[PDB]
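The data below hold one chain only, encoded as structure tokens and taken in the form deposited in one PDB entry.
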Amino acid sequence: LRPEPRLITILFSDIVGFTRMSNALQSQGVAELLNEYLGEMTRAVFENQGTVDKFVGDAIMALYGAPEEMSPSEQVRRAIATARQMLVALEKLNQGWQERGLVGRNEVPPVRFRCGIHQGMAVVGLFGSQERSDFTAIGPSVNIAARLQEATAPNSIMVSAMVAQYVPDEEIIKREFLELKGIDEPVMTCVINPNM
């Protein structure tokens, strides 16, 4: 399970305006909301055979194609299906939170998230020390997926040109070159239809 180059698909989802929300809600509520959210979103990943790499604050990092082998087309099919399922689950989560006066009330709006997906080469395996290590992916490909997530609009799914090669033309909303932090050359991005 040592680190080696591999073609994988990385998905990043990140809650919109979690900072403000993490101030207008008691620590008790913030913890419950975030965990209820993470529970449903990780379910979306697992049900689509993805791997939950880690959580980073209000974000979820998911991998497709590692550790288990997966074809390039299936990696994309599953990652997009995951993102679309996450949005569906979110709509249901907010209905419940609304009734519990956890969102929509006071100054905390319904939860929304941004999602970026990129497919490319990465060094994947166990990183860390003998005392503490974790399976993850390293390389510019991971940075790209993260910048796509940060660049896209709330409740939207932005993917790279690589990922878009496997997506029907009818499902591509917008094609646009963007300058992503850390990457020299402009990156072609495609916002895809959020509906399953």
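Residue numbers count along the first chain shown, from 1. Rigid core here is just the name for the largest C-alpha set that superposes within 1.5 Å across the two forms. Compared with the form deposited in another entry:
After superposition on the rigid core, the single residue among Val30, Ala44, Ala146, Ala59 whose C-alpha moves by 2 Å or more between these two forms is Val30. Annotation: Cα of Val187 displaced by less than 2 Å between these two forms, core superposition.
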Second form
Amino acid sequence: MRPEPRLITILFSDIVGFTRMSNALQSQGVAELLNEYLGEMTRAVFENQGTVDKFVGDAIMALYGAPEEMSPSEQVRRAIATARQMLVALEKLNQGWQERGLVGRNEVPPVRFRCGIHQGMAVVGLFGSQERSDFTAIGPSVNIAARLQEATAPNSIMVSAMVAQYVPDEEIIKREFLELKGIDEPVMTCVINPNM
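May I ask for the structure of the form deposited in another entry now, the form deposited in one PDB entry having been displayed?
Keep in mind that what follows is only the chain, not its partners or any molecules around it.
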């Protein structure tokens, strides 16, 4: 648990259109919707042996390579598989929320998905204090993964060069250098095929 420098793979996912969709229902409904979603994401992360760092509203942060050790290639394989399984889940969910009147039906479009994945060094371990301490990762690598998730287009998966080097060339749909805050050197990003 004690914080230490380690090569890990960070995954940030987030959905847009949740509050808009929940704006209709009451408290009970908003909670059901969110829990439904959160459960699916968690399932995708665990099934791929990933670590659910935390939830940030309707955003999810997962780690691969901590606390349990994992090779750089497995970290990426599993991070990618999680991101793709998440998308399939959102498709299933959106299908259900549409047949149920929460989508398509009159001004609350389906919920779009955004996922960012990066691999790099990060101080990982327990951070906080006596009042509160949580297991997480800190550092530019984490910052980068978060910025990729926010920079990518709707319903897509964007990764860094460090991650893409383990991905079959035919799976990289688009390449583009992005200027990310706090980073001087432009970052080469790669949108990957959400299927396989």
